[PDB]
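Given the coordinates of chain A, work out where chain B with the ligands should sit on it, guided by the hints.
2 protein chains.
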Amino acid sequence: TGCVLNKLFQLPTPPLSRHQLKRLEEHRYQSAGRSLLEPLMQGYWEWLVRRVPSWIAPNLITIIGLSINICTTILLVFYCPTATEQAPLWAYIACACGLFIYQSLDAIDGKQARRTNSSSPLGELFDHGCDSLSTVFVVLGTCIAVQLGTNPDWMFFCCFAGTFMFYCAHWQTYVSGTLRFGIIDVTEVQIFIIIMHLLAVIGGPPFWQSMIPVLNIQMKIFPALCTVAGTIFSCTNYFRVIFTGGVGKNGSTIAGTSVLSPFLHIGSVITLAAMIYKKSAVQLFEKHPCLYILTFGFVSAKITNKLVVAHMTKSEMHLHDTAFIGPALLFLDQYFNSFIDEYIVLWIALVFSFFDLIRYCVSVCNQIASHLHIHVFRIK
Amino acid sequence: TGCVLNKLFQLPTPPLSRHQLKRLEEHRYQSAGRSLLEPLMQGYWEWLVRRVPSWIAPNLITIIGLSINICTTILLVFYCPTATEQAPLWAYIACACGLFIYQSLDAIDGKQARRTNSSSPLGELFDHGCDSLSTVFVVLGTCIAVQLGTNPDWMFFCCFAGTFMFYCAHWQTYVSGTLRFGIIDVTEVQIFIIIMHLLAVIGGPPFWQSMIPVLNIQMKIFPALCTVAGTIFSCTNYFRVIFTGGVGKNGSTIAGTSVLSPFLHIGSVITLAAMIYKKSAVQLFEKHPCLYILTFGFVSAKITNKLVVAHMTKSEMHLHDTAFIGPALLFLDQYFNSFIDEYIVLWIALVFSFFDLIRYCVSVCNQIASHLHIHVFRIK
Ligand SMILES: C[N+](C)(C)CCOP(=O)([O-])OP(=O)(O)OC[C@H]1O[C@@H](n2ccc(N)nc2=O)[C@H](O)[C@@H]1O
Ligand SMILES: C[N+](C)(C)CCOP(=O)([O-])OP(=O)(O)OC[C@H]1O[C@@H](n2ccc(N)nc2=O)[C@H](O)[C@@H]1O
Ligand SMILES: [Mg+2]
Ligand SMILES: [Mg+2]
Ligand SMILES: [Mg+2]
Ligand SMILES: [Mg+2]
Numbered sequence: 028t029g030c031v032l033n034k035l036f037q038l039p040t041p042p043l044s045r046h047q048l049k050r051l052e053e054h055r056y057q058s059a060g061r062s063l064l065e066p067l068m069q070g071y072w073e074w075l076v077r078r079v080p081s082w083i084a085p086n087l088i089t090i091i092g093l094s095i096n097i098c099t100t101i102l103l104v105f106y107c108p109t110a111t112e113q114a115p116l117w118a119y120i121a122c123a124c125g126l127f128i129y130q131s132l133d134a135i136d137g138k139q140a141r142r143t144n145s146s147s148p149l150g151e152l153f154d155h156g157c158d159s160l161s162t163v164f165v166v167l168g169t170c171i172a173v174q175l176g177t178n179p180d181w182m183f184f185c186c187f188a189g190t191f192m193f194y195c196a197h198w199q200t201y202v203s204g205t206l207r208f209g210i211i212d213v214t215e216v217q218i219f220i221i222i223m224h225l226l227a228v229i230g231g232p233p234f235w236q237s238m239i240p241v242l243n244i245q246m247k248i249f250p251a252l253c254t255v256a257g258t259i260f261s262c263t264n265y266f267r268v269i270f271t272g273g274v275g276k277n278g279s280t281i282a283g284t285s286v287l288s289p290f291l292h293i294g295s296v297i298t299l300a301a302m303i304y305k306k307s308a309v310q311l312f313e314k315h316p317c318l319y320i321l322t323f324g325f326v327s328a329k330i331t332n333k334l335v336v337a338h339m340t341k342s343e344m345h346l347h348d349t350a351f352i353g354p355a356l357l358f359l360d361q362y363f364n365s366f367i368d369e370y371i372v373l374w375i376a377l378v379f380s381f382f383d384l385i386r387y388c389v390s391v392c393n394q395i396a397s398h399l400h401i402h403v404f405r406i407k
Numbered sequence: 028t029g030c031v032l033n034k035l036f037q038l039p040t041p042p043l044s045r046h047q048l049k050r051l052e053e054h055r056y057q058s059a060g061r062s063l064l065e066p067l068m069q070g071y072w073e074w075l076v077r078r079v080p081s082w083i084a085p086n087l088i089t090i091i092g093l094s095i096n097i098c099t100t101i102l103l104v105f106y107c108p109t110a111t112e113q114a115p116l117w118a119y120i121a122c123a124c125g126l127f128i129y130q131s132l133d134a135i136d137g138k139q140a141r142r143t144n145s146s147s148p149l150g151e152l153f154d155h156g157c158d159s160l161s162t163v164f165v166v167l168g169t170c171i172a173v174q175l176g177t178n179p180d181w182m183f184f185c186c187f188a189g190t191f192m193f194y195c196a197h198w199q200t201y202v203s204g205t206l207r208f209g210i211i212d213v214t215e216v217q218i219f220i221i222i223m224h225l226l227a228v229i230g231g232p233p234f235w236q237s238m239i240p241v242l243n244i245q246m247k248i249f250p251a252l253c254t255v256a257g258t259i260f261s262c263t264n265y266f267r268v269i270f271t272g273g274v275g276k277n278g279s280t281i282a283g284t285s286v287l288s289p290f291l292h293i294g295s296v297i298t299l300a301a302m303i304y305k306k307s308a309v310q311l312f313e314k315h316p317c318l319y320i321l322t323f324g325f326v327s328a329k330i331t332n333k334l335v336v337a338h339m340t341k342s343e344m345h346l347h348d349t350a351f352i353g354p355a356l357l358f359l360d361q362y363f364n365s366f367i368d369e370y371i372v373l374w375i376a377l378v379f380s381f382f383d384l385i386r387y388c389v390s391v392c393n394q395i396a397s398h399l400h401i402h403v404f405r406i407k
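These protein sequence lines map, in sequence, to chains A and B. Terminal number for the first sequence in UniProt numbering: 407, no gaps in between. Terminal number for the second sequence in UniProt numbering: 407, no gaps in between.
Next comes chain A alone, as it looks inside the complex:
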């Protein structure tokens, strides 16, 4: 049983050459900037991390974080799959508490890593690899909380903008070598999302359906308008640095590739999502919104994780990836006038994309761990 399962999750060919892993060993983390709300929370997080026992490995906290986040959002998705129903109030509280636990466990893992001398390139790749998967579920859970499924165009834009903004933050890191925090970053967005879930508890659908008297717009467009305003502001800060801050030869990226090369990957994901939406004869997204976002979210999360791998190995990005096979199956199905029911194909695309993400992650983590001789979830 263990031999077949291990063979199922290992990639047939090693994803990294021997020279990139050695180059990965020479990598040294550099970050700059300070978020607006971060200095107040540091006192809380410094208290919390000191209570964690020293024998707990860093990557085990992260996986606990994801598991709490996945379970609470999947339960919320289970109760409200078209985003029009109302779930029991305690489910939103559980998601609210789960995200607060996630944020608290994320922010202390590197403090535990420092204190215990267990900082490693595996930890950095795993952390940012965990952040990439969590981001799709938090924005989806937000969309459920505001019942944005009744207005799909706003739902489509907001969910994919968050994934695109998160990828673009990592894109800046691929060119410049340094993680730069804005005034509004992950902490402010997540704090805004936890409070929003509590208003969804207090006011329900009548609050969200109430009219804002000054603007004559529905209240549901305000988080989306905040997403528009937030995207423009965040992109402006990020885009100045990609075009002017290239440290490679002749202002190229650190890998010597074109500064526009990561755009094509996330752009292809967003474009494919747009192609399937506007051509669907059965209104696929409107009938099954949560399942669709999860399918392309795993595709998007893997593409982000490949950029992290590309960052850590100082390598080029190949546009051709197996992650697009699942969306292509959906894309080919719509080409034949939906000869098979798209809902069945979407489940096939979901299951494939999930397993393909997990297979890549397990194979990369195991290969690096064997080379550096540490265990991923155990301290020696």
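Since no wrong hints were added, every one of them can be taken at face value.
Treat identical chains as interchangeable: a pair holds within one or across any two.
Here are the simulated DSS-like cross-link-like pairs (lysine-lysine), alpha carbons at most 30 Å apart as the crow flies: (1) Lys-407 with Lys-138; (2) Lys-341 with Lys-49; (3) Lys-276 with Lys-34.
These are computed hints drawn from the structure, not numbers from a lab.
Here is chain B with the ligands on its own, set in the frame of chain A:
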């Protein structure tokens, strides 16, 4: 003018690594077998090659062959673009003479190469690269001669079968290292095509429309039935050797790749041609058959030439190639319910595929020529 034009035809990145070209230098041509009609023509070709002056480089004869073949077929395509009209009789004679000149010039180029000590890996790549382009035009010209455009399903199968059979002959060479001639090969097929053009001169449309009394099938299906029978016979000889004749480790190819890997490339070309045909709302192939065959022919010819390159460099085949961009443009256009007229998109796809083929060929030929220090069209 010369700097911009040279930049237009060179690929931005060198297609071959330094180690594959060195490995290409160690390649030694090996062939086995004898065709049925070849021993009688050898006496004629030995007479002809002795009359060619020794200062003519081999690759210049080949390019003369292609130019005569291209011009005569394009003139025939110019007169009969839907394959239903009748061209003037002298145009078929010119094509008949042109193919006879092609065959005669092809068969003597290696004899000239031997006699003059000018045999080189560039010559072998250029020769098989020239054969791959000529094959699409000869089968297309045959289809014009029999007016097969009135029956598109037979026209589609026969043209693509010839390209697939020719690729498969080279596929056997990629696994086994040796060119194996059958009893029915290029010589017998071309001799059958020259005689067929002369019957098209003698009998015209009434002969081709006459009923065969014993079978109750139209005469137009007989070359296609010969193509079916020929494909089955030829595939049977070829397919035994791919499955049992692998000389690599554990019966793999000489490059260590799966024996099924070349199938995916030519299969994708044939499948794409099939997708665009059956979904077209405007009956695109029936209105513009010659233009369609030329578009996918250049795609198919390049993919064959990449296999030749893959053979000569003992390298793996990458499925991702720029040659598919042109068909994909057509494929994406049909996905949006033909928002642009497919005829215009097909011209765009033709022009792109032609330039992309030429760009690849010029860049590869120039890179190898500079490394081995010979001139492609000039003997020192
Ligand atoms: C801004 N925060 C701190 C609130 C959260 C986002 O920040 P993050 O999690 O991307 O990184 P961070 O600022 O916590 O940095 C912690 C650092 O610890 C290291 N790290 C992380 C995870 C892990 N399993 N092992 C590690 O050694 C990495 O070098 C990481 O960069
Ligand atoms: C069976 N024929 C001979 C009628 C035609 C098909 O055969 P082909 O053209 O593939 O090869 P061939 O049997 O003429 O072999 C001629 C050989 O000459 C060499 N050659 C070819 C072309 C060229 N410009 N320079 C060369 O040195 C190659 O090694 C080639 O293999
Ligand atoms: Mg952290
Ligand atoms: Mg983190
Ligand atoms: Mg020859
Ligand atoms: Mg030849």
